[PDB]
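Before any questions on how it binds or moves, here is one chain, the form deposited without the partner chain, in structure tokens.
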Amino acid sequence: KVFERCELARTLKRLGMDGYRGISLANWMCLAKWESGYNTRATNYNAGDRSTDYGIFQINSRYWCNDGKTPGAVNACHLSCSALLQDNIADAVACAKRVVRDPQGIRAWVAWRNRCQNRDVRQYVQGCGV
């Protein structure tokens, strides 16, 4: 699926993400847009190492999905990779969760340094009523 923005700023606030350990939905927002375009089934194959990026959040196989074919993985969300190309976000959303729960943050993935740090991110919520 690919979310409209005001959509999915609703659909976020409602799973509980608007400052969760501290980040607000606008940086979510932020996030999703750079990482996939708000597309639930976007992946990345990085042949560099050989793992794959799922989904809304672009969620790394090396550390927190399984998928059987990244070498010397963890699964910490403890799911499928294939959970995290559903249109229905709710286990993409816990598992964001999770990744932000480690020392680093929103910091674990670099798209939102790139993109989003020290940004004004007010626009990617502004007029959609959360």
Contents of the next structure:
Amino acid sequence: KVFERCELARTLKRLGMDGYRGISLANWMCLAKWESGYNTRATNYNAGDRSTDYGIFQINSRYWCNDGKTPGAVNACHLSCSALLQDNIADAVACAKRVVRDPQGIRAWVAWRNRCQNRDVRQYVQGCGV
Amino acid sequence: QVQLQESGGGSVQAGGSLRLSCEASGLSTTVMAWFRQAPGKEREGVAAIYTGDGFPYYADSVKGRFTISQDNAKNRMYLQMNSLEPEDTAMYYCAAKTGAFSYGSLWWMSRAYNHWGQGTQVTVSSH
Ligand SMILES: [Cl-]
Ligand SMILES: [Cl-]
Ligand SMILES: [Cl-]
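Form deposited without the partner chain done, so how does the form deposited with the partner chain bound look?
Full assembly next; the chain just shown is listed first.
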């Protein structure tokens, strides 16, 4: 599924992301925008370590979720990666929340650092009523 | 919990400025804000800032004139109030959250906040 902007904003809000560990809804939106274009089915294979990034947040299969085919895999979110490919993003949100409890917080995502940090992110929530 | 301590405030003439600061102790904050209670008006969110990413919200009436910022090193948040006008006269209150916003809860809603400062008087007069 590809979310509409305000549809996704309301959904993330409903799942408790707005202000989670001090991270604004606006920044979570920018993350989803620049990881996957709001697309739950997004996948990116990394031939370098045979890992795959999954779902709207492009969560990687080496550390976070189990896809059964990534060598040296840890499953820190304790989730099947397939769970991160579903229309309902509840599981993806919980895993994203786990990611940011690590010291880097939302900086864990290099696309966020390059596309969001230090840039306008108000545009992602403007007009949504969230 | 979270103890909030406000500093700054006072009297100034229109066009002038004041800097308010609020320092949090206790649980770590997710959001810190200034509210204000103007005379003969209902209380109101003025500006808010997310502790983790520094994202700010501003009330329409202070956009471009007020700037909210922070130094997490000192668990300290600042409100730089520029181009002050008589109608900015109010009691300003620091507020803080330790968790996320519930659905239906907006940054400017006092109910969204669980911790409050004691209030700081700001009086702006015409020239
Ligand atoms: Cl939180
Ligand atoms: Cl292995
Ligand atoms: Cl978890």
